[PDB]
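Once you've looked at the hints, dock chains B, C, D and E with the ligand against the given chain A.
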Amino acid sequence: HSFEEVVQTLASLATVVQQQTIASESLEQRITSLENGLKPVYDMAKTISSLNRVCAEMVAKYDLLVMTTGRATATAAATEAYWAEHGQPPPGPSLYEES
Amino acid sequence: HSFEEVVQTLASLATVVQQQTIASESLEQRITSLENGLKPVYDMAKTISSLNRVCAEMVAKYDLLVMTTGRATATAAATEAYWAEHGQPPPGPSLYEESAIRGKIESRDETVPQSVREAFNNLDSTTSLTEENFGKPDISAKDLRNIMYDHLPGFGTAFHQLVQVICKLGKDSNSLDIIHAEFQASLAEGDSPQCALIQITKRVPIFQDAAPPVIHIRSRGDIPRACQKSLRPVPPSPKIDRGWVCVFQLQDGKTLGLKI
Amino acid sequence: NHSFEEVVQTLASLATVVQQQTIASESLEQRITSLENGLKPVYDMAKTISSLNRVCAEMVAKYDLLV
Amino acid sequence: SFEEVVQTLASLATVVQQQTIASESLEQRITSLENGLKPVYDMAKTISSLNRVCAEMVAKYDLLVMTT
Amino acid sequence: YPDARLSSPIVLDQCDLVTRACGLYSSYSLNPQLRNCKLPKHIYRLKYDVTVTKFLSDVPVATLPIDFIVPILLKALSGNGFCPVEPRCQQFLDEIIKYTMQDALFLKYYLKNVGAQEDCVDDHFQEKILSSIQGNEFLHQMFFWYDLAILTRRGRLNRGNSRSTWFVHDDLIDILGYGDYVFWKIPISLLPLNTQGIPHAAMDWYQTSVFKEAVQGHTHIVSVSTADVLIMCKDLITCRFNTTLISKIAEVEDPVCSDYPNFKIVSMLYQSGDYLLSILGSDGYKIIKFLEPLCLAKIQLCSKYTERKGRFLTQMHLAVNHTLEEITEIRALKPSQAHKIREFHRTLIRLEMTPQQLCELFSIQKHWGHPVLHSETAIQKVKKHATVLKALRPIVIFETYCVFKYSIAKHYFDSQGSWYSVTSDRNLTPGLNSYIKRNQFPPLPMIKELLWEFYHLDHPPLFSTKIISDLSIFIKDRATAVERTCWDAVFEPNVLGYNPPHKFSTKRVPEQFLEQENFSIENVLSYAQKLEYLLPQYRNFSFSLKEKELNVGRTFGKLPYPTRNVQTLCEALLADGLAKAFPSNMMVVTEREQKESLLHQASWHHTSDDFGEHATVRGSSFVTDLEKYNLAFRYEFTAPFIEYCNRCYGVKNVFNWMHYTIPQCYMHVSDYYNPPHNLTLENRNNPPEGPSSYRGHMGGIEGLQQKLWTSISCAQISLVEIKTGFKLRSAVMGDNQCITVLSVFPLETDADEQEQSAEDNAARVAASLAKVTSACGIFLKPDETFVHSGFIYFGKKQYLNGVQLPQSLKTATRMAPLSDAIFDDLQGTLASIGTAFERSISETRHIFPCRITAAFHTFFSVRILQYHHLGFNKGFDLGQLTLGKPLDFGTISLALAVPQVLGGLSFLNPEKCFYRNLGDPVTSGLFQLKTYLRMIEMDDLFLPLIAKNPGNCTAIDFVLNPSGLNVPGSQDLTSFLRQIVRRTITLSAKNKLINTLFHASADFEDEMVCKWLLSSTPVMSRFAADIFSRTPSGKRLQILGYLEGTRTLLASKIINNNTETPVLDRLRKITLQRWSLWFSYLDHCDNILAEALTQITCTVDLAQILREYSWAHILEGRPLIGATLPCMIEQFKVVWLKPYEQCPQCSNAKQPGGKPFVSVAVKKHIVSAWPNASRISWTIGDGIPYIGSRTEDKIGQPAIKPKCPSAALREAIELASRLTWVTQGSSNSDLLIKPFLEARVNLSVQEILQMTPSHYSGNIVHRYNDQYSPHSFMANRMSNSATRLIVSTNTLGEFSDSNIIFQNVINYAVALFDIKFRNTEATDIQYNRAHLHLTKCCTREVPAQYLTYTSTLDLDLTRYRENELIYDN
Ligand SMILES: [Zn+2]
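Protein chains in written order, with our numbering: chain A, 5 to 103; chain B, 56 to 315; chain C, 77 to 143; chain D, 13 to 80; chain E, 67 to 1435.
Simulated from the structure, these hints should not be mistaken for lab results.
By construction, the Cβ of each residue, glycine as well, lies at the ideal position given by its N, Cα and C atoms.
Not one of these hints is a red herring.
Cut-off 30 Å, straight-line C-alpha distance, at most; resulting in silico cross-link-like pairs (BS3-like, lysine-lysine):
no., chain 1, residue 1, chain 2, residue 2
1, A, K43, C, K116
2, E, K694, E, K789
3, B, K101, A, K50
4, D, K72, C, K138
If you only want the chain B side, here are some residues facing chain E, beta carbon under 10 Å, derived:
no., residue
5, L119
6, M122
7, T124
8, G125
9, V171
10, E173
11, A174
12, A236
If we strip away everything but chain A, and leave its shape as in the complex, we get:
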């Protein structure tokens, strides 16, 4: 029965060694996940505040804006709409303002 006991002990040692290798690999994977996960967090967290601030200042400066009309919006919109479907330019003669 000595041979059977030796074989069983060797098999048990091999199984526990395999379990040790599996645990070490899992630990290495966890360490790698820890290292990779939080590396970009600081940069994006820092940029969040800057992007919020620039959006806020753009909103604030939107109010102090004045627009002057011109005699080309209607013809341009009509030309774009006529090009959107059956994309041939509108028939002649030319419209009011062409540019």
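Frame of chain A, contents of chains B, C, D and E with the ligand only:
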């Protein structure tokens, strides 16, 4: 022999089990380090809502701005260059800021187009509006004179001279609004225009103890016919509020006045 | 005497292995619970960031054919 | 003696098998963290794009309005 | 066929040619081409006219404008000379006065019989009225001008013969009329003289030295005008006579004080205005235009004075002074003239009148005439501020768009469920997604930070390109614009200088709609969606000058036919789909409104039903002008709104047709006699622009897209309400918008500073609104926008602190013998006069002046039509060719007393003095005729006066006229026109869709369906009429009727191509037959009915017997129900109790069952009174004007709520509901719905039965009586006394179901109480309460009966598988 081998195998198994325990402790330490380090990610979740609000609002505003502005817009340099060709605002809408164009209006050095100037002036003329002075009329000397004239029957009457004197004194003292308000109130009360003018003379503090003006004439032809019956000798100390309305100086030195 | 000592040592080794297995199972359950807690908010934040990103991209693309 | 040895060996084998099964299950559960971590990577790569597009919008804003 | 009234703008451009053919000089036109253009074929032969040559053989070559001479002719012309008209209009004057005096009769007798009368009785009433009528200033001038109008119409009719020339010589003036033109010869001494020695009229065209050698030794001068100034002068004289007579008569009723201004002040105003016009020319209307604002300002000062209440009058005075100063500096007035010219506004300012008198004086505005319009200044006015560069603020536009979307969403949420399933990302609306999750709409107070999120909402196409149910909108007898290919063909080809290469074939709508081979709504959607309005041949947009107005010049646009169809389609879609989220008509008077409801609605900071009580609400208001917005709209502001309107429907490029094609057009005024300047054949395709043309029209056009602009204005007002925390109400009517601000006060603030705070709040709201509107590109006028506290004027009604002000000269002064009523039909003229009298008596508080005027004009119209008819030859007599003997006064007097329902010509029913909607037009007419015959000792004619002879009427007019009689004298000319239109359609119907609707067997199918609809037991005509309109027969009938004037009948080439016989001969024959029908008597009556109607002594029985005998062929033996109703005048009797008195009727022990009655009591609370409380019409009370006696029980809820339905779906649902409800005693109903339903929808029976509500009511007759409200009754009295009375009807007990219209009882009681005490002191009234006791002679118990049907249609309506208002897939 067999017992020694069994003891050695048991010792080896115990050592490997201890190594397994050490590895498990290391794995648990790594897991708890990950859990501890993941906390800031959880904590920074609340900052996204304000960012979303602001970004969505800005996107909506500028999307509407580009929707309402045609494909032909021309950049700022394009408008500045095209302003060098007469006034001629460029075709297609253009964008400014209120402060920039306002400061550019006075600086008459780059020939801002006229039409832009009148458009901006018309737009900005409505800023200075409040609950007061919204529809408040303006009053001058001539307008008040005509308004008072239209209420007095007849022509050439001394009441016209009184109206002229009141208008001149109000123009000098800058008190026309008070006079007009009091006149309107007296008329709305139910008094005649003559009574209203008498109340204006009596009530307004400026007219209290004032020397009547002197008008130089040469004979009876200058004064209207309706005033012929209201000539009296000038007292040593005439009073404008006592009924005396004006004093006429004759070419030979005679002084006469009119009383109501 | 030797047989009793060997039996006691084997029983102690089995008990230690059982305790280690229980500790590993507890750690696994804790990790699963932490993952369950953390799965949702990051997903929602990613969805929001993607939505705002595409909306801003299309708005800037609309602005692009103006200059 | 022999029966006790056989019983102890059988118990050790069963405990070893249970430990291996538990370790395999734990490793299988651990190997699922990539799916959880992937959205974090996506957020990291999209935040830069959002910042870039916002900067482009801000830069394009100055090209239209003349300002001071 | 010339018309008798003004219907065109006054333009004198063509006269420049006429004076060129006679060797004269006159510079009317500003176009130099007319100076040197070839004369037409006509108006050139005047060289060979002997009469014209003799007329102008002693006058200077130089002439004078007609602008300065109209006031001279209005005074220097009177009837004393010789006129070619043989029967003079003044010859039959005594009979007119006799007929008028016969109405201080029975009218008064009717009032006394009813029980109204008047406490103060004066013997001197006939002679005073006679002297007032005889002693009128404008009496003979009116007759003379009517003679002139008759002569000029007769001359204008021919305009191609030798009979077109007429001559009149009256003392100082000579008039020569020739073919649309009039020459006036007047003395020179009458003209005012300029300080340089020349007339004021001659300084516009001639220099001082030039107009001194042309006159030399001459004493008379000649002016030339068209035959339209004469009609204007005739209308002016008629209006002046009417108002003077009304004002004079009003003094007889109430000597102490009347509601009309005066008859002497108005004369001075007329003289001052005439002098001002004669001095200043046509440029002097800028001062006449100030009569209305000055009157409004004077009315504003008739209440408690406030420091800013007098700003209106001051600003108006400043404006009129500046205008008078500006237009007189160039003119060289004498020092004496410069003093007299300032008498119009000087008189207007110094007026001391009650608010009622000023409100009445407000109406006299167009009594001086209208200016002369030019095609140059009219377009210069619109060009100057329609191409103006603007500055805009994007933030205000964004906020307005967000409020627009919010309002649409709120309206959708409020009705038919909740929300609309937003198909948008929830992360882009952080704060609105929670509300959708909880399915609750956000409250108003907290909508300030989530406004921008509304930009991100998305939804399906809520509305549908459907739900049009009227083809009359696509054929409306209007005119369109010619195509771009032939745009200069509308100009006369002699002033142009060349013959246009292209000539159009048609210009009217009705003859173009019938030729539209490919019609249908989807065709129009396809045409608009493909941008087909941008084609080179669809860009004309001509202009047209506006009608009678005092402005310098106003115009409306005309588009080619397909673009007009697109515009009409868009208006129809926006009318009911959109524009319902923004209610325009919101007339509210805060004074006569309940405190609790007002406080609940006025709580801005939420807690509508939870806020603390005891908080009075005081409201202020201000008025803005919405018309001026039209030209101030730009694409950069309206683009998002138009795009959202497109997206809410299934359309793509439909709602932005206008802004895409208007700038591409060439703007010009399409007037015949002046083309645009410098137009030759070479520059025809690319014409140049000048003083009357331009290219880049960037703004809007009035009338086009009005609904969208109103919605945008409402959105702006809502934005203002959101910005500042006040409660705002908006109302829009015509060119006016009224904004009301509600303040809410915490009490303990008396009434002195409360009104000041309310006015300040209104002022700050106005300032904020002005800022917002200016930021949007539209500028308000701070010097023309005014703030009021209790005086609100709007559209048709004006109130002063809750007291209504009379306005009756608007309609009473428009009465005239002559009106355009299709071939001068007498019935149309009499009906117009009657309805004008009814509308006038609806306002004010006097009764006799308006009726006296109507009685005066009726006989005059009868005589004019009898002797001078334009449709017949000259010298004809309609009263001799019919009777065979001369027609006397008695015949007219007897014929004018029979009501039109029974076949007479009486339209002035005295019962209209109490209420305007009669329960039965037959019983009331019988009662009126019986009373009139009872007044005179000639009562033995009632029987041989109403029997008459039934006519041959088919079963198609009984459905059209349910409550009517089958007599040939009570019919109008509608059937004639309908038959003519049907024949015209049959001859030419290449529309390819009308042809399917109008097939060969249309008429016979209509006859069968109408026969089946009246084949029940008992027969009910009202139900048949109500159900007939939803069938294709109703669609055909509504398409058939589009003829409205007697100019399309004769001048239309499509109608007159039928050959056969001319329409004029048929018109003459039918006119002669109709005239023979009246005035004949004892010739169209039978004897069987007369003997069958003996000893009835009951009006209801008489009416029922008359209805039964008539329509005998239609109803063989089946009874008729639900048409006969009693006359309430004959139903109740008054006792007029006094405080310490008992009713004798109620004091007779009430033995058998009791004495039912209605009680009326007078309140004592006054609330407000302006100017005093002497008259009840000047005061108000607690309020209420009743609520309702539980109305009725409503049952039925649809099993499934449909989505946005189609046009035919609702009609099918109502068909199913009515057919199910009317018949319930049989199971055959399912067999009756199917034939009707199969022609409207693709759905089958038993699938719509769950859609229709389970309606179930009682009697069914009462439901069709008042519950369905075929015509809501209202009343003909001002809503002032009704607020100071308590009406109790519960004392009726068992309610005499009942045969009583309870709505009319309140009106009868209130009107009787008002008429009884209208000229007496309030404290001198000796009567406390009134009892209205019913008589047991005209009250019956109506049983509950249902309708039964034996047969079924058995018609194949499946053939209607086409588009339009018929079956849809
Ligand atoms: Zn009684």
